[PDB]
Each structure stands twice: as C-alpha cells, then as structure tokens.
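Peer 1: With the hints as constraints, model all of the structure from the sequences given.
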Amino acid sequence: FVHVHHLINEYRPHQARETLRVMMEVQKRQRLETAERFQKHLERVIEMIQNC
Amino acid sequence: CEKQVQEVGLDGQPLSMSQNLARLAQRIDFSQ
Amino acid sequence: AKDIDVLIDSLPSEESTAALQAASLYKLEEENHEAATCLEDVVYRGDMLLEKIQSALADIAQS
Amino acid sequence: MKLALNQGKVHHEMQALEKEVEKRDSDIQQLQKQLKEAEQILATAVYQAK
Numbered sequence: 116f117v118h119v120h121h122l123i124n125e126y127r128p129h130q131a132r133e134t135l136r137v138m139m140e141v142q143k144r145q146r147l148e149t150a151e152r153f154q155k156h157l158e159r160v161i162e163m164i165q166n167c
Numbered sequence: 015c016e017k018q019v020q021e022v023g024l025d026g032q033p034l035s036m037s038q039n040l041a042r043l044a045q046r047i048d049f050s051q
Numbered sequence: 066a067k068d069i070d071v072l073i074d075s076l077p078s079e080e081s082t083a084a085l086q087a088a089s090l091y092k093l094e095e096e097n098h099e100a101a102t103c104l105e106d107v108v109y110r111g112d113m114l115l116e117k118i119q120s121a122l123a124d125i126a127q128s
Numbered sequence: 080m081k082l083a084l085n086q087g088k089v090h091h092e093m094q095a096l097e098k099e100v101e102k103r104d105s106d107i108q109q110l111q112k113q114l115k116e117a118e119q120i121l122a123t124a125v126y127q128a129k
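Line by line, the protein sequences give chains D, L, P and B.
For the record, in the first sequence the residue sitting at position 13 is 128 according to the authors' numbering, with numbers rising by one throughout.
As numbered in the authors' numbering, residues 15 to 26, 32 to 51 make up the second sequence, in order.
For the record, in the third sequence the residue sitting at position 40 is 105 according to the authors' numbering, with numbers rising by one throughout.
For the record, in the fourth sequence the residue sitting at position 45 is 124 according to the authors' numbering, with numbers rising by one throughout.
Keep in mind that the hints are not guaranteed to be accurate.
[Unchecked claim] Partial selection, computed: residues in chain L whose CB lies under 8 Å from chain D:
#1 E16
#2 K17
#3 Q18
#4 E21
#5 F49
[Claimed, not checked] Computed cross-link-like contacts, BS3-like style, restricted to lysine-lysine with a CA-CA straight-line distance of at most 25 Å:
#6 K129(B) with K92(P)
#7 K102(B) with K88(B)
#8 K102(B) with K112(B)
#9 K117(P) with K102(B)
Just so you know, the hints here were simulated from the structure itself, not pulled from any lab data.
Using N, Cα and C, we set each Cβ at its ideal position, and we do this for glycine too.
Peer 2: Encoded structure:
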C-alpha cells in the first residue's frame with residue numbers, strides 16, 4: 116500500500132504537467148489553424164469582390 | 015495555462036443563435 | 066510481481082521530488098504564454114479584418 | 080424619345096443594381112463565415128485563457 120501510494124504521488128504531477136503541455140499545444144495549433152482559415156476566407160472574399 | 019477545466023468541457032460550441040435571441044428579447048423588451 | 070516491477074520501472078520517472086516537475090511546469094507555462102501571445106495577435110488581425118468587412122457591408126447597404 | 084431614353088437608363092441601372100446585389104450577397108456570405116470563425120476563435124481563446 117505504501118509503495119502504491121508513493122507511485123501514485125510520483126505519477127500524478129508528471130502526468131498533470133504532460134496533460135497541461137499537450138493542452139497548450141492543442142490550443143496553439145487550433146488558434147493557428149483558425150487564423151489560417153480566416154486568412155484564406157478573407158482572400159476568397161477579396162477575390163469574389165474584385166471579380167465583379 | 016492550466017485551462018484543462020475549459021479544455022475538457024465536452025458537454026460538462033459556436034455562436035449560439037438561441038443566446039442571441041434571448042439577449043435580443045431582454046434588450047428589445049423596452050426602450051429604456 | 067513481474068508486472069508490478071516492470072510498471073514501477075517504466076513509470077514516470079520525474080516529479081517524485083519537487084524540482085523536475087516545477088521546471089517542466091515553468092517551461093510549459095512559458096510556451097503557453099508565447100502561444101497565447103501569438104494567438105492574440107492572430108485573433109486581433111482576424112477581428113480587424115472582420116470589422117473592415119462589416120464596415121464595407123454597412124456602407125454597401127447604406128447606398 | 081424621352082421614354083426610350085428612360086427605358087434604356089432603367090435597364091442599365093437594373094443591370095448595375097443586379098451586379099451590386101450579387102456582390103453584396105457574396106460579401107455578406109463571406110463576412111458571415113468570417114464572423115462565425117472569429118466567434119469560434121474568441122470562444123476558444125476565452126476558454127484557454129483561464
């Protein structure tokens with residue numbers, strides 16, 4: 116029981132830090148993808164505007 | 015950082036039209 | 066016993082003490098702050114583009 | 080003669096108005112898509128800001 120508690124206490128902080136880093140990376144990737152999509156949409160809008 | 019509470023908020032999400040409708044109903048209720 | 070030993074050996078060898086986990090969290094927070102600054106710049110650019118498009122639409126409708 | 084000239088001018092103005100209406104519809108659709116994208120991005124940013 117003592118060894119199990121020690122292993123749980125040792126594995127909790129590293130797992131939490133890894134999850135936080137993965138969440139930050141996912142948020143950064145989603146923000147970059149949204150920015151690229153908005154840029155492409157604005158380009159298509161300018162193209163459609165200059166079309167007429 | 016440390017935003018897992020909102021990052022794992024999978025029912026526990033674009034601009035909801037119902038929220039805008041409720042806000043308009045609260046705003047267009049009277050021209051105070 | 067073999068499974069317990071292999072799991073304890075291949076477990077996360079890191080923040081059992083108090084320095085490696087703190088350093089990893091600090092590095093992750095710095096990376097998240099940089100990514101948040103980049104995302105804020107991108108979102109400001111996108112909001113400016115959307116505001117310009119909305120102003121153009123309002124001007125077209127005003128005609 | 081004035082009625083013929085007015086009919087020609089009305090046809091030209093109707094063509095111009097149809098072109099302007101098509102351009103306005105395209106711009107409105109594009110701005111609506113961009114606004115939905117920006118709203119989703121703002122929601123994600125407010126969620127990740129904590």
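Peer 1: Under the constraints set out in the numbered hints, which ones does this structure not fulfil?
Peer 2: The structure conflicts with hint 5 only, although it agrees with all the remaining ones.
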